[PDB]
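One chain comes next, on its own, written as structure tokens: the form solved without the named molecule.
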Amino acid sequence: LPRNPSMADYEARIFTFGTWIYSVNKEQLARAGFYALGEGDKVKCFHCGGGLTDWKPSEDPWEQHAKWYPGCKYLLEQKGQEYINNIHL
């Protein structure tokens, strides 16, 4: 079960990046389950509650969710286990 069911929707999550000043793409972040925390480039997954900061210019949000929070069930539901596993190699 997600830690924040209210952010289970993509539109709900993307609405939080209305004023985003970073190069990391907000649609991709929202697609990877993240919503902005409203401070810096800090984002958090609506499901696993995992938070990420200090993004890099060209970074893959899904790659980072699998990297840091491999246990997120939203992540495997969307990317599958082989994807997460490949990231851990």
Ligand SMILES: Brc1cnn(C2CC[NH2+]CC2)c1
Contents of the next structure:
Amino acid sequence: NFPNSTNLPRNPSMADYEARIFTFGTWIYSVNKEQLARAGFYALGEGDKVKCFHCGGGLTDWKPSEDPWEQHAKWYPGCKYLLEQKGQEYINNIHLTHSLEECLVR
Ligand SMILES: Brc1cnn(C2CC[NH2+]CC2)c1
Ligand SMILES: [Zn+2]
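Please move on to the form deposited with the named molecule bound, as the form solved without the named molecule is already shown.
Now the complete complex, all chains and molecules, led by this one.
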């Protein structure tokens, strides 16, 4: 399933922060649910699998050191919600950071 790069959200029923927050319930996973929701994510109920309301992008297997906004930019860089909330400069930094993180050890 291709990522949504239009200015229109794929799941408008999940456009409000509060709506997204209800999807998690009791959340045992290593990444904060408030932080996930702020980054546009809602829970699917399949372990720690989340989806962005706007781009439709799915993310799974969260480690405690990982950041929702960073991961969002890493895997769904065409997301218009992401661009709205963070700006292109932030997004550029993240890409550069990760691409460089490769030629550090990898
Ligand atoms: Br595409 C995709 C699905 N999950 N992910 C990562 C999310 C953060 N944990 C490591 C995996 C990328
Ligand atoms: Zn998105």
